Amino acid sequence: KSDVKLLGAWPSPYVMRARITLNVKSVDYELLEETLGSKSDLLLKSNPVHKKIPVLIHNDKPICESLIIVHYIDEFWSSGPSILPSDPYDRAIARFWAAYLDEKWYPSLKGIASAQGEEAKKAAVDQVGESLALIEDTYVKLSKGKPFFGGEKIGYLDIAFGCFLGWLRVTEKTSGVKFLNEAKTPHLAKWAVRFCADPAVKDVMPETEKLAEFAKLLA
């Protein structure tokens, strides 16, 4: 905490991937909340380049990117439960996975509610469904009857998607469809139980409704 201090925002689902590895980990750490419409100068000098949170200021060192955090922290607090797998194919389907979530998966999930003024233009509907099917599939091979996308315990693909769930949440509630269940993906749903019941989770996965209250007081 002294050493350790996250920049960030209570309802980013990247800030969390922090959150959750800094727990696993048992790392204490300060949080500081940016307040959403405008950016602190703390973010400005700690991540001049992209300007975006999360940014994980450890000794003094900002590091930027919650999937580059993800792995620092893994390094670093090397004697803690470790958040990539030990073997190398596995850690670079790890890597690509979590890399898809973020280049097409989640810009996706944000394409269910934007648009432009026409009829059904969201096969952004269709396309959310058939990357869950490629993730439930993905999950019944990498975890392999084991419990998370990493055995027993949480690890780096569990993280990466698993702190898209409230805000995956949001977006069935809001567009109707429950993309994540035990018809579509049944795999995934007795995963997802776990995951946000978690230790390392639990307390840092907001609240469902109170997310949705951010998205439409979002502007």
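Rigid core (definition): largest C-alpha set, two forms, superposition within 1.5 Å. Residue numbers count along the first chain shown, from 1. Compared with the form deposited in another entry:
- Of the residues listed here (75, 126, 87, 118), only one shifts its CA by 2 angstroms or more between the two forms after fitting on the rigid core, and it is 118.
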Given for the second form:
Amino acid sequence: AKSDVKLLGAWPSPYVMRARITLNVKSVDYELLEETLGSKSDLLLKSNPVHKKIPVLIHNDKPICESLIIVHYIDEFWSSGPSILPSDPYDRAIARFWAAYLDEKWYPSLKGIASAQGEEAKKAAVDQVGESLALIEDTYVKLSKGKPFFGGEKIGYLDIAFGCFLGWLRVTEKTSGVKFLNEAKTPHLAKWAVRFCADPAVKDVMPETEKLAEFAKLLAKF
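Okay, that was the form deposited in one PDB entry. Show me the form deposited in another entry next.
What comes next is one chain alone, with no partners or other molecules.
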């Protein structure tokens, strides 16, 4: 509710988008406190002294940091709402694994596109994203088993872990002039991304690619 739950956030952040989507799924009302480029709110400094990063969930004045730890907490606390993590332990392990792979391997390689110097090191980095996308496409096929989401009939953990990145992937496409996810290259993921973005829990916190692209260059600021 607006009282007991605050989210420290910033609308362009994929990591923060993970928390908002998960709160929506649970039908948890909350207060959204937005950070600004170039400064830190006193409440952030207080709540996340170790990392000073967003998102931070503040529940009855108790802070929870790190997006995936926050998703887990919302799922373990509001455990009577719709399940975010899969029911079965083995399936939970698979889902955690692929979320960890996205933060460790995939998203860093996405950013390494806007970071490569030379038209060789760029194309090499493009090949790495495409390849990891093929892994992700196959994973979705094996996990979803004909159902709309990674988590089956309903958006789950992995949906949220990967889906949060859709805005920045679409931005990365336009600026690199490379399409990564579409009907032709990744037919299952393309169908999945349509469902995910139109889901009610997602629809209103997933930013238009147009806005996000412009903030992307507002972040042209060394």
